[PDB]
Amino acid sequence: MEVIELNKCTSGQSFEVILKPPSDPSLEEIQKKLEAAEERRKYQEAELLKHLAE
Amino acid sequence: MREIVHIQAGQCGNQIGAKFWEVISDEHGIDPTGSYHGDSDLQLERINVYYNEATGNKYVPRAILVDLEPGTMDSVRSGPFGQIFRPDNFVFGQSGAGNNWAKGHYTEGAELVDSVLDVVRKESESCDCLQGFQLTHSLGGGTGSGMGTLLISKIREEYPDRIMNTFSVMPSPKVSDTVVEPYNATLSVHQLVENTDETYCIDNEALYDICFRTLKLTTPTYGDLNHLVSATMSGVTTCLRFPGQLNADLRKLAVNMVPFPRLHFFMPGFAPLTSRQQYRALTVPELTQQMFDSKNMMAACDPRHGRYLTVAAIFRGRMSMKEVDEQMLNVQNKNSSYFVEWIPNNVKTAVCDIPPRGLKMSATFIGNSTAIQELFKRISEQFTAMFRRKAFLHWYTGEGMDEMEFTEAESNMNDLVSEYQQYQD
Amino acid sequence: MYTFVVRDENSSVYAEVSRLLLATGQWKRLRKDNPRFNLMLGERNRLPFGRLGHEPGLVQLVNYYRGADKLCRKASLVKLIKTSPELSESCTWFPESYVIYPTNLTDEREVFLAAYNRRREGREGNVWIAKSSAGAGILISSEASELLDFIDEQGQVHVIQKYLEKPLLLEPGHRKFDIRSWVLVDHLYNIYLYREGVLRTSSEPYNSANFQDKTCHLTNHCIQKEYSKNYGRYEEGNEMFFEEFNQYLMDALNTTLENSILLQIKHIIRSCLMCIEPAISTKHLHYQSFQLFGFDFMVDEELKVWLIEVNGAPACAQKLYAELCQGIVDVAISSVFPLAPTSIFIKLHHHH
Amino acid sequence: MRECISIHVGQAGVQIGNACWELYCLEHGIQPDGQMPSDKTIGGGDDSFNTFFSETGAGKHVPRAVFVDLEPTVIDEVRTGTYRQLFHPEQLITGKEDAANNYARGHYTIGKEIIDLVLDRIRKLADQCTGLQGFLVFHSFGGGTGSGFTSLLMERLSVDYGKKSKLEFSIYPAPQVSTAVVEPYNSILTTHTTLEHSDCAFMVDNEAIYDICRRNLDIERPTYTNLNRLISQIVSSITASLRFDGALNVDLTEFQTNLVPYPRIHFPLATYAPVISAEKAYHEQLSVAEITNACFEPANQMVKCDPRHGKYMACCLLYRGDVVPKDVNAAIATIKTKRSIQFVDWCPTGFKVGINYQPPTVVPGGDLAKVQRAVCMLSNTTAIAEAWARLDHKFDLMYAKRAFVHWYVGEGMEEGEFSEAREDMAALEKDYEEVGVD
Ligand SMILES: Nc1nc2c(ncn2[C@@H]2O[C@H](COP(=O)(O)OP(=O)(O)OP(=O)(O)O)[C@@H](O)[C@H]2O)c(=O)[nH]1
Ligand SMILES: Nc1ncnc2c1ncn2[C@@H]1O[C@H](COP(=O)(O)OP(=O)(O)CP(=O)(O)O)[C@@H](O)[C@H]1O
Ligand SMILES: Nc1nc2c(ncn2[C@@H]2O[C@H](COP(=O)(O)OP(=O)(O)O)[C@@H](O)[C@H]2O)c(=O)[nH]1
Ligand SMILES: CCc1noc(C)c1C(=O)Nc1cc(C)on1
Ligand SMILES: CCc1noc(C)c1C(=O)Nc1cc(C)on1
Ligand SMILES: CCc1noc(C)c1C(=O)Nc1cc(C)on1
Ligand SMILES: [Ca+2]
Ligand SMILES: [Ca+2]
Ligand SMILES: [Ca+2]
Ligand SMILES: [Mg+2]
Ligand SMILES: [Mg+2]
Ligand SMILES: [Mg+2]
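Chains as they are written, first to last, in the deposited numbering: chain E, 6 to 28, 44 to 74; chain B, 1 to 42, 45 to 278, 281 to 360, 369 to 437; chain F, 1 to 105, 125 to 155, 159 to 362, 371 to 382; chain A, 1 to 438.
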């Protein structure tokens with residue numbers, strides 16, 4: 006039950022009490053994901069229009 | 001500014017649509033001339051959803067009236083709120099559809115569809131942000147069914163990512179105009195399975211039995227059946243037309259009610275339903293008990309015969325929102341055998357402070381139930397009873413159709429029944 | 001209308017409770033994976049406590065205390081007793097025990132050998148018993167070499183505790199026995215002791231000069247009915263209930279079961295359950311727990327009561343299923359979900 | 001002094017952001033028009049409150065915040081609200097139609113078209129920073145924007161601000177106050193792609209906030225206003241060290257240091273006390289020990305779970321008001337001998353304590369009553385993994401039938417991203433169990 010690193014200032018204080026001791045994707049890769057999903061939307065919409073043309 | 005474009009097609013579609021604009025125009029304080037005269041700002047907050055604002059503070063409905071004969075639309079223009087509709091938005095022919103799906107879809111209807119789309123396009127070009135379309139029509143006739151579904155197919159082509167909702171009156175031999183209604187309904191159901199996001203299935207037999215058994219109307223008329231559809235359409239759209247409960251979005255509602263693309267046919271309900281003992285106050289338990297009772301169901305399908313995929317209930321009126329949750333949880337937690345257990349919390353409730369005209373409070377039911385397969389089974393058995401003898405086909409083959417197209421409609425809807433069946437077990 | 005689920009098809013106890021609940025006409029059973037339930041009769045191992053109490057508008061109750069395994073495990077119980085100041089290491093009612101891990105895996128090997136070497140030198144009785152929770159596998163030996171060599175051949179944790187060389191014997195027969203006490207703890211942590219106990223008696227004469235034959239040394243119901251040749255001779259199914267046992271203690275020893283044994287039993291039950299109350303209590307928890315426990319005790323010739331183990335999923339005596347299972351519905355279930371005596375339990379009051 | 005930029009995404013983040021900046025102003029004495037009389041350095045200065053507020057020559061203190069929503073209804077409230085004058089238009093970004101509770105829609109379809117604009121607005125605020133620390137991102141798990149757009153924004157922020165820290169305040173989905181069944185999908189999708197990009201995330205379960213409002217505030221049917229005023233109190237308690245003089249959690253870096261020894265396990269449990277109904281006649285003021293003991297009660301945790309059956313990796317005590325170290329240490333010693341506080345063996349068994357003498361500020365007309373002292377405990381417990389279990393389970397129920405999946409594939413997302421996100425959660429759950437169970 007030891008108190009350490011006691012810091013005090015006008016607006017408060019802070020300390021630490023020890024009870025017991027112990028025992044990314046690049047900008048290019050993101051654009052590819054965003055463009056791949058858009059390409060699958062365009063392909064799905066084209067098939068919907070192709071279906072409507074038949 | 002999330003606008004909706006309304007379309008009503010054919011006799012049934014225009015008479016039910018007219019009443020719809022009659023009911024909600026009264027809720028938003030719009031008179032038969034388009035002038036506002038309410039007393040609350042809530045009546046105008048979401049007013050632009052269904053009404054365009056003209057000069058002089060006029061509110062003109064965002065509706066397009068379509069028919070292949072003049073008779074019915076002449077009535078609307080002469081009816082109560084007939085003057086409220088935009089003159090240019092009346093699009094009609096003179097030949098009629100003879101209760102023939104082919105005439106509405108391929109011959110007479112095709113001659114008139116392009117001009118109807120020019121009005122749809124005109125209405126959308128003024129929307130700040132078009133939310134989607136709604137169509138009122140019957141499936142048993144020729145115009146609303148055949149040309150209605152043609153309109154949807156072409157609207158999806160031009161607005162592929164907008165929501166397409168319909169209120170579809172399904173035919174019934176007990177309330178029947180002609181024997182070919184099963185033919186016209188089976189051909190339309192396939193179009194709806196493909197090209198709509200939500201379809202509110204309204205069975206004319208369910209509407210009749212409610213008028214007869216519950217409301218105690220000895221000799222119901224189409225007008226009586228349309229009063230129910232009016233109140234139901236106002237109920238399901240309340241969350242869209244009044245403020246408070248955000249997420250009130252067509253696509254957002256479709257995203258949460260349609261777990262599978264083809265299974266988007268909803269059973270609507272409404273409470274109360276009282277005959278003329282009409283002044284009695286209705287408690288929240290009674291509201292919930294009725295709203296879930298099959299006799300208040302308008303699809304003529306017994307929910308206890310299937311299972312609910314998703315449920316949405318909209319309570320209207322000044323009531324205890326605390327006591328609402330209590331009774332809704334009581335319905336689920338007392339009958340959880342009728343809700344699929346692989347969609348957690350598949351029953352949602354919304355409250356609204358403004359009640360309908370002449371009701372201290374009310375509840376509207378919106379169910380995506382697998383029991384709706386019983387409806388398609390009826391129509392399918394009636395279709396087959398005639399198609400097996402090719403009875404009455406000549407009305408259709410004479411307009412250019414082949415038998416194969418009928419056979420494929422048959423198979424498409426029997427498949428639709430198989431899909432509802434596999435999700436019921 | 002209340003709803004409950006069943007997730008332990010092997011529980012003879014809650015199979016009757018599920019039977020009685022349905023008989024009330026006010027309880028409806030649901031599929032084992034339906035979350036909208038009021039009562040869960042959960043599985044034994046890996047009961048998903050973390051999914052309870054999160055269904056809006058449903059007060060949920062479960063038949064197991066999360067964290068009670070600390071008491072119902074051979075090794076856990078020993079560690080709980082030696083480390084809990086409430087029980088202390090000098091606990092007088094729990095046999096001197098030690099936790100021993102096999103050499104193929125803290126461990127108390129040397130600490131056990133120190134006390135063992137002390138006894139072997141002090142001419143005292145030096146007979147021990149090795150056991151584990153992964154058994155139907160028990161060994162009773164007076165040599166420490168055999169006890170350790172036996173655990174190393176296994177692969178699970180074991181516990182060595184002093185064997186009661188002077189167990190109380192019933193007459194006629196000269197036979198060993200243990201007492202089974204069923205204890206129920208409701209959602210309020212009231213400790214209820216079922217008035218009816220059972221003595222699992224051996225039908226073989228106790229022999230202190232031969233621990234090799236474990237038929238007269240172990241009073242398990244499955245052992246006597248399989249390896250004992252006198253099963254059911256003195257009492258039906260080697261099960262003597264408190265009525266006969268109390269009558270015996272009066273005729274032979276001139277004392278009663280209440281004074282000579284039941285006081286010590288009720289005291290042990292309190293100390294154990296009160297010890298872990300702050301760790302398993304569900305008083306301020308989003309769900310509620312209750313659990314039935316089956317304590318096992320030993321009695322020596324001095325009429326001192328020792329604790330053997332605690333069972334977290336115990337079975338009941340055939341004759342007492344009706345009375346006990348009904349009692350569970352009254353105090354444990356209906357106490358939270360009331361329905362539209372002369373209690374069969376003995377409330378052991380205590381300080382929460 | 002080093003700056004912190006707050007980012008509010010979606011309805012939840014925006015509404016909560018609104019409640020927090022209202023509280024920040026009342027705590028620092030900033031009026032609705034932005035003026036701060038106590039600030040003696042006009043139009044500049046490097047004070048502790050300047051980590052969240054910039055200053056104009058006119059003496060206006062402007063939050064370092066950005067609001068982003070794909071629909072304008074919620075942000076429109078800020079433009080015409082009481083504090084409409086704190087922000088300028090560049091800070092409030094709104095689209096025209098939202099993600100419809102659809103992760104794929106907020107991440108791909110609509111996200112891809114608005115990300116570069118959001119980044120440009122954030123860059124403008126960064127350009128005003130002489131030493132930017134990082135970002136505080138508020139959002140929901142359930143919303144299509146809160147979940148879908150946030151994960152894309154977090155990916156880009158790591159690309160544009162590599163060495164900057166990023167903390168989350170995430171709203172866990174609770175059915176009681178939710179009108180959407182697909183939220184389990186969105187939560188797991190957004191936690192999968194955000195995990196490697198967030199240094200420390202504070203999950204608040206609406207269920208927990210809801211019952212605290214009903215139980216402690218006697219609110220029968222709590223509104224978002226009730227919930228958000230309570231959440232902003234806890235958020236204020238967590239960010240106070242960054243806005244006031246002190247020596248504990250002085251920068252965003254100190255949060256990972258003190259609360260997250262293992263990177264993936266960066267979800268500290270928060271517990272706050274006391275929450276007293278302002279409508280109460282007059283409550284007996286609680287002591288340092290009484291409120292400290294309350295931090296180990298499940299009833300005041302932001303996420304309902306049983307810390308008694310987990311293992312602690314860290315534990316922070318943040319006091320506000322009349323509190324001296326002597327009383328803290330006395331209460332801790334008493335809680336140890338009574339509570340079940342099992343730390344992991346590779347971590348120390350200790351408590352970092354911070355005391356700010358200024359007691360909690362109450363929003364006029366709010367629900368909370370003024371108290372002489374309050375505490376918020378931040379503890380990294382494996383017990384919070386229970387919440388992941390509940391959530392992962394609901395995901396499995398629906399996904400097994402592919403229910404609603406078509407709405408996601410229809411926006412360009414591949415179905416496999418579902419299972420790819422679910423497997424990540426299965427790994428996250430296994431990590432907790434290896435750290436807490438024996
Ligand atoms: N605590 C709190 N939760 C909120 C608030 N608003 C919404 N939520 C929660 O957020 C979830 C829904 O996500 P939203 O944030 O509303 O949706 P969104 O981020 O705006 O994305 P969209 O789908 O495009 O609207 C639900 O679980 C709500 O309970 C709020 O103001 N406070
Ligand atoms: N230290 C000890 N001294 C004397 N006898 C002992 C003993 N430990 C165990 N026994 C004997 O073993 C029996 C209990 O064994 P134990 O309970 O450990 O195995 P088990 O758990 O598989 C049976 P159950 O759990 O069903 O009661 C008792 O009948 C007792 O006679
Ligand atoms: N509910 C209701 N159903 C109608 C009405 N008018 C016709 N129907 C039904 O609609 C079907 C006939 O379709 P109809 O609209 O008259 O054909 P259309 O004008 O060519 O579209 C039959 O099944 C009728 O039962 C009406 O006013 N109300
Ligand atoms: C609803 C009134 C109506 N309008 O056109 C038709 C055709 C009907 C009709 O089917 N009427 C019925 C039904 C039964 C039974 O008796 N009369
Ligand atoms: C999903 C069920 C539901 N629940 O609350 C509302 C509001 C709806 C709904 O979708 N209403 C409408 C309006 C039109 C046109 O189509 N559907
Ligand atoms: C309750 C009215 C409402 N308002 O916005 C939304 C969205 C809804 C709605 O119905 N949401 C649902 C329904 C199911 C099932 O899952 N979510
Ligand atoms: Ca012609
Ligand atoms: Ca300054
Ligand atoms: Ca990073
Ligand atoms: Mg007609
Ligand atoms: Mg055992
Ligand atoms: Mg939103």
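Derived from the structure by calculation, the hints contain no laboratory data. Accuracy of the hints is not assured; some may be wrong.
To be verified - With a straight-line cut-off of 30 Å between C-alpha atoms, the simulated DSS-like cross-links for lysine-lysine are:
(1) A:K401 with E:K25
(2) A:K401 with F:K28
(3) F:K377 with F:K305
Inset, instruction - May I ask which of the numbered hints given earlier this structure violates, with the numbers listed in increasing order? - result: 1
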